[PDB]
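Generate coordinates for the entire structure from the input sequences, incorporating the hints supplied.
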Amino acid sequence: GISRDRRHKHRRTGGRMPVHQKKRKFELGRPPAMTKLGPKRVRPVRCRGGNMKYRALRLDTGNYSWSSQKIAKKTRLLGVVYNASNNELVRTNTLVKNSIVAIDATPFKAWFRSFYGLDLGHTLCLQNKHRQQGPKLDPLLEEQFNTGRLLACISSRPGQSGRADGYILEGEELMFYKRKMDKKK
Amino acid sequence: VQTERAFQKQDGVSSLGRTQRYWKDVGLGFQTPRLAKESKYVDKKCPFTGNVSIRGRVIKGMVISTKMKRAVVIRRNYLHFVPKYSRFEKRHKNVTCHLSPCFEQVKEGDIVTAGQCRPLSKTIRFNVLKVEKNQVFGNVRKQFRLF
Amino acid sequence: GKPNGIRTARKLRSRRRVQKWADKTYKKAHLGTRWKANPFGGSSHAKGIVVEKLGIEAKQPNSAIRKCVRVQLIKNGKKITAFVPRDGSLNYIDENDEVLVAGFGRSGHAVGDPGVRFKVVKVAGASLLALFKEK
Amino acid sequence: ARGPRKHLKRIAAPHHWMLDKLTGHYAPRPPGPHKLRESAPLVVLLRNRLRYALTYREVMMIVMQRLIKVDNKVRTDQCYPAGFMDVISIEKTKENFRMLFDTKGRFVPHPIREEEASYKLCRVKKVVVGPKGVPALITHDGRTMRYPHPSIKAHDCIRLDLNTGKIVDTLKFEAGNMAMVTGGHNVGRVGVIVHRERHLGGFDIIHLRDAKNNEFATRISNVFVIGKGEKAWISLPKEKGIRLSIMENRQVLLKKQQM
RNA sequence: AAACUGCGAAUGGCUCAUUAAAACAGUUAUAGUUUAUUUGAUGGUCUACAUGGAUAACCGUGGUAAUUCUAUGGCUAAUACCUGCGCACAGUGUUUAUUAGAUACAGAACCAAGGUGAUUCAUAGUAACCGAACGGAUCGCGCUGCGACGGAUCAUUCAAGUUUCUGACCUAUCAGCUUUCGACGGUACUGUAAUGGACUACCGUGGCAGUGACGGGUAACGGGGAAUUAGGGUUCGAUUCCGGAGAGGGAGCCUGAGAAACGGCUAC
RNA sequence: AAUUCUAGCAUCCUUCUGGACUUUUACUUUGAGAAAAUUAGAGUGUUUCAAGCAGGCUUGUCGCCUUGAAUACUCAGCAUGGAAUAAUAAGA
RNA sequence: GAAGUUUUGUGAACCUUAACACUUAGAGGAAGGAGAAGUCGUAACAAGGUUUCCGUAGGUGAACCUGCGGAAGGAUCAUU
Numbered sequence: 001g002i003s004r005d006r007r008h009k010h011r012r013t014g015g016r017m018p019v020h021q022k023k024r025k026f027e028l029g030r031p032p033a034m035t036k037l038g039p040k041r042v043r044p045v046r047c048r049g050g051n052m053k054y055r056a057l058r059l060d061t062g063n064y065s066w067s068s069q070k071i072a073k074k075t076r077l078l079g080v081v082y083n084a085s086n087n088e089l090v091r092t093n094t095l096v097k098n099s100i101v102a103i104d105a106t107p108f109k110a111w112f113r114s115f116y117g118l119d120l121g122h123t124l125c126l127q128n129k130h131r132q133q134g135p136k137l138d139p140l141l142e143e144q145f146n147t148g149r150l151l152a153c154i155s156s157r158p159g160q161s162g163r164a165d166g167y168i169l170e171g172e173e174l175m176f177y178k179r180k181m182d183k184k185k
Numbered sequence: 186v187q188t189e190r191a192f193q194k195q196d197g198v199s200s201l202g203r204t205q206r207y208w209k210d211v212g213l214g215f216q217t218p219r220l221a222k223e224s225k226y227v228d229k230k231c232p233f234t235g236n237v238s239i240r241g242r243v244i245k246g247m248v249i250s251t252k253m254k255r256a257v258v259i260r261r262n263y264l265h266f267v268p269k270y271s272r273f274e275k276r277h278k279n280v281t282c283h284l285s286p287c288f289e290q291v292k293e294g295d296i297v298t299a300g301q302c303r304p305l306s307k308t309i310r311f312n313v314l315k316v317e318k319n320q321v322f323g324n325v326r327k328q329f330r331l332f
Numbered sequence: 333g334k335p336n337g338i339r340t341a342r343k344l345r346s347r348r349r350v351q352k353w354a355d356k357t358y359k360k361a362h363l364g365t366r367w368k369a370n371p372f373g374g375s376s377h378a379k380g381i382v383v384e385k386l387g388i389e390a391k392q393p394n395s396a397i398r399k400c401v402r403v404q405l406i407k408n409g410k411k412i413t414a415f416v417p418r419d420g421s422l423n424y425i426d427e428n429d430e431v432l433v434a435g436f437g438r439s440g441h442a443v444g445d446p447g448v449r450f451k452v453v454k455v456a457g458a459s460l461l462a463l464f465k466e467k
Numbered sequence: 468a469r470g471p472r473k474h475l476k477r478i479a480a481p482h483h484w485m486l487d488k489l490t491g492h493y494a495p496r497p498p499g500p501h502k503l504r505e506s507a508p509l510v511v512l513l514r515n516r517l518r519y520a521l522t523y524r525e526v527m528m529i530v531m532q533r534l535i536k537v538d539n540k541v542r543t544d545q546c547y548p549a550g551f552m553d554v555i556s557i558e559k560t561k562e563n564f565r566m567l568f569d570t571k572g573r574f575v576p577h578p579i580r581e582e583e584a585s586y587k588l589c590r591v592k593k594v595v596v597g598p599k600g601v602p603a604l605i606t607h608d609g610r611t612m613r614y615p616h617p618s619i620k621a622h623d624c625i626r627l628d629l630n631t632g633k634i635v636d637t638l639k640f641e642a643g644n645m646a647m648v649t650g651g652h653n654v655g656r657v658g659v660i661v662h663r664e665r666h667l668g669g670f671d672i673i674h675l676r677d678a679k680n681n682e683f684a685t686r687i688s689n690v691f692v693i694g695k696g697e698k699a700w701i702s703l704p705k706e707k708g709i710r711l712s713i714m715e716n717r718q719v720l721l722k723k724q725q726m
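Residue numbers (this note's numbering), protein chains in the order written: chain W, 1 to 185; chain R, 186 to 332; chain S, 333 to 467; chain D, 468 to 726.
Hints in this document: simulated from the structure, not taken from any laboratory.
Don't take every hint at face value.
[Claimed, not checked] Listing some non-contacts, in silico: residues in chain S with all C-beta distances to chain R over 12 Å:
| no. | residue |
| --- | --- |
| 1 | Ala-341 |
| 2 | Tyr-358 |
| 3 | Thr-365 |
| 4 | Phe-372 |
| 5 | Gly-387 |
| 6 | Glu-389 |
| 7 | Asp-419 |
| 8 | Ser-421 |
| 9 | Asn-428 |
| 10 | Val-443 |
[Unchecked claim] No more than 25 Å apart at the CA atoms, straight line, and that leaves these computed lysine-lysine pairs for PhoX-like:
| no. | chain 1 | residue 1 | chain 2 | residue 2 |
| --- | --- | --- | --- | --- |
| 11 | S | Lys-359 | R | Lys-327 |
| 12 | W | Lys-25 | W | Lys-73 |
| 13 | R | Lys-229 | W | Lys-97 |
| 14 | S | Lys-343 | R | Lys-275 |
| 15 | W | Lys-9 | R | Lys-225 |
| 16 | S | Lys-343 | R | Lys-269 |
| 17 | W | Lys-180 | R | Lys-225 |
| 18 | R | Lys-194 | W | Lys-97 |
| 19 | D | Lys-473 | W | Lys-25 |
| 20 | W | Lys-36 | W | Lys-97 |
| 21 | W | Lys-97 | R | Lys-230 |
| 22 | R | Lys-229 | W | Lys-180 |
| 23 | W | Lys-9 | R | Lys-278 |
| 24 | R | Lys-292 | R | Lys-278 |
| 25 | W | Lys-70 | W | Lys-178 |
| 26 | W | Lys-23 | R | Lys-307 |
| 27 | R | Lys-194 | W | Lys-180 |
| 28 | S | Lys-379 | S | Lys-454 |
| 29 | S | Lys-359 | R | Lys-269 |
| 30 | R | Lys-307 | W | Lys-97 |
| 31 | S | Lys-343 | R | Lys-278 |
| 32 | R | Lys-269 | W | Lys-70 |
| 33 | R | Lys-307 | W | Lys-22 |
| 34 | S | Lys-356 | R | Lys-269 |
| 35 | W | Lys-25 | R | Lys-307 |
| 36 | W | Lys-9 | R | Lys-254 |
| 37 | W | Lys-184 | R | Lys-194 |
| 38 | R | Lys-278 | R | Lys-245 |
| 39 | S | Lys-334 | R | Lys-269 |
| 40 | R | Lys-194 | W | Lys-183 |
Every residue, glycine too, gets a C-beta built ideally from N, C-alpha and C.
What follows is the structure, given as structure tokens:
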């Protein structure tokens, strides 16, 4: 199969490396699941140890943590927007780690109304306390909410876990990727 | 500074900390340099800044080139005994080796100590710990020092 | 003279491996030509068939006809002349009869009275000594 | 290759068992509390030390009676690794054997009293926090005692009760505490601890002093604290881990054999 | 008896064709990981006097020239296979975000404490995520004891995989090798049991060599060792032990803790 | 008294209560750790011997010798005492 | 969850071309040594009957010969 070993390929000197052994199962690799958007499917691959490792193939949804507010919501995905490594993966909408993705933002907007009551577009006391405790929201995130979208980095490896998780972009990361979206335009 | 296609960010610092900088203390009787703490560079593979343990061995030697990016190559010299003739023999091995951009102006023919770590690429196993400025005249690869 | 100094291992070690080849006996061991040369395969003994019965004359001063045999080794079919030890025994050989060949004891080269490096130890497996003795 | 080796060979066995060269091609192979080369299997106690069994067959006939115990627990497997500072208890005969290291560097079953054969010592490998934030020792034996004192650190011994699970008496690892060696060149030697060097990186070593004022060193993995500065929690074997010299061991031996 | 289930069959044995910084040897590292079993730990939190329907052997019955080929029909089991309530919103685990994880000195005034040489380690806490995993529908001797089996996490042990440094026979009638199709490095994926040009995108132009690179020869598996009567050496080591590789030649793969297995299978 | 090793006093550090500094190694010394078999070798009348790791005492019976099967050997690497020799560094 | 099927990777096997390695035939040419005695000279060893020899060049049945510059290993350690 796919040999991960160093017995093939050159030495540092530029010399062929002698090989007197057949391929070994512990020097294994497997074909890469370029997982994407769509309705959910996932395949348990039996690995070394007996231990199972769940290969993503299509993922609709994911758990995405807002960092500053300290909450996380289950959310549907819309599209893959940017990738650092390969522009072909954005072309096909392929979910990988470090991949920048669009997100519904109606879970966060419903929470932000309920928690604070400043909104976007007996308790009251609890809301005020929460506001004092924690709601200004960046100027760019204010514009971003108006579309009904957010931007977020995929943090999990979908191929290993069988799960798209991530975190929402904010501050310097958000200002950075807004350059290289606008530059291609 | 953001040179590259992906956002270069230091792990250790959370997104809550966006002023704060992470710096490790590597131990083994090696002091953390000041330019690691003060400066704003990233490096994944730095001992003092990122996830890499130093562990096992420590190797001194002479730097012979600094051409490739964030990495050097360090000529070790040693005598090899030849028991028939009862007499020594000068050999060498070029260890290729990581270095971090806390160390400014690492000239050719400098002395450098370097601890072992996990394999970062194919050729490099070792990472730098500390450097010393000295001049060497003519060729560097001629210069035999034993340490 | 030599270099005496402590760090002169290369010059001492290199000079031996180069000038070992100046020996005649070292080259006969360590070259690759030992395996192609000889009709034997770096071996003690070898069987073969007697293609012809032959007679050769010793170089002066000694004069006579020495009675040797031309043989083809079974493995390589390489012709060689093998001397037959002791009085007569020529009658014993029989053309086309298998005969054991052994070194003359001089590591090839030559023996005494021309250009023969082998001796026929056995005929039909009987051996020369048994018959000459008649035991 | 391809998996774990089920046979071990004679000769490729440990020397300190003292299995002979002839009379077998293979040797018994001990996994249990202890390592392969820092233990001795229960067969070669019974046949090649205590001389109860003759054969490998007869050890099965002994052990499947359920007469042998270790640590107040019946072990049915004949090739069980019974190592340093384990108690053995046979109910018939009513005699108990604590395995210590002999001065030469061999295992020997030291016979002991009935009240003494309750307890045993375990030097702790490290201390570590388990789930629900509870602390927990782990031993050289591969037990894991939990809820200790905060007092108890790495590289020191604890008297276990065995009749119950719990600890009783701690000991500390310091200068002026009695200490046996369990491995290496100086095995079977007991002396007070003078000093330890740190070497911040790998392999701490300890110099320590025999009761006849002989000084000698070992790594900390080998060193095993018995008791306080002079005195000891346990009973010791013949010679008490002095290790007298080569010419002395000659002189005492041939003086014996003339009777 | 037979048959299903469990466990073993990856050990042992045999051979030396490959193979020249490869293997192996001594020496590190695993904070870069998997581990049946053994030994010791831990854990109420999700019709509970008990859930479901098929399968042998067996009986009836055939096919084919022929085998460790087997079809159709009829029954019946489980520690086989698959489901599955539960306090004494709510456990443990997975996946991401993230706070604590202190330590060279004493304090004063004002307001709204595990563990390493060393970490992002152990562990606790917060906010959610999934079902794809645990929280026993099992068995024997005798309000109540003992141990057989199952299975999760954490050590432990038998290991294994990589990995640091140093080390080899002849040859220069072998002096320049390596690279766009990974050569040396960088960033970010992917893949793996995990680390890595191991692999893929872009980016830089490096890396090795006169101390012998690259290539060729070996009637070369390596070492522990063997022969050889000063000392220094020279030659041998297929072969009792420890590694390594192979089962006519190559390649592929299932099952399992573990095999790229050959007294297992598929193809040329 | 020879032969070892070591404290003082001729102007000789200190931060503390063993380690930090003395440029750095090589070198030498002692020590760690390194499988046995083989090899040298302690003990022992396998009838001798090559071998082997056994045995030896004794009308005593929970037999005894708190029985023996020692020990050495195994460039590079880790550690350490030291005043020469030789590299190497430098030149408040 | 079967047969069949889409695109990938792993990839045996066979073939074309080329290079490298190793055996091997060949009319004719032209070496070396061996015979065991032949034919033609006489080159060297004595000032060997033109002293011997070196480097280089040309010529001749063959040894060899001659030109130019060297050497004594010469047949002279030596005479305004």
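Return the numbers of the hints above that this structure violates; sort them in rising order. 1, 11, 12, 15 and 32
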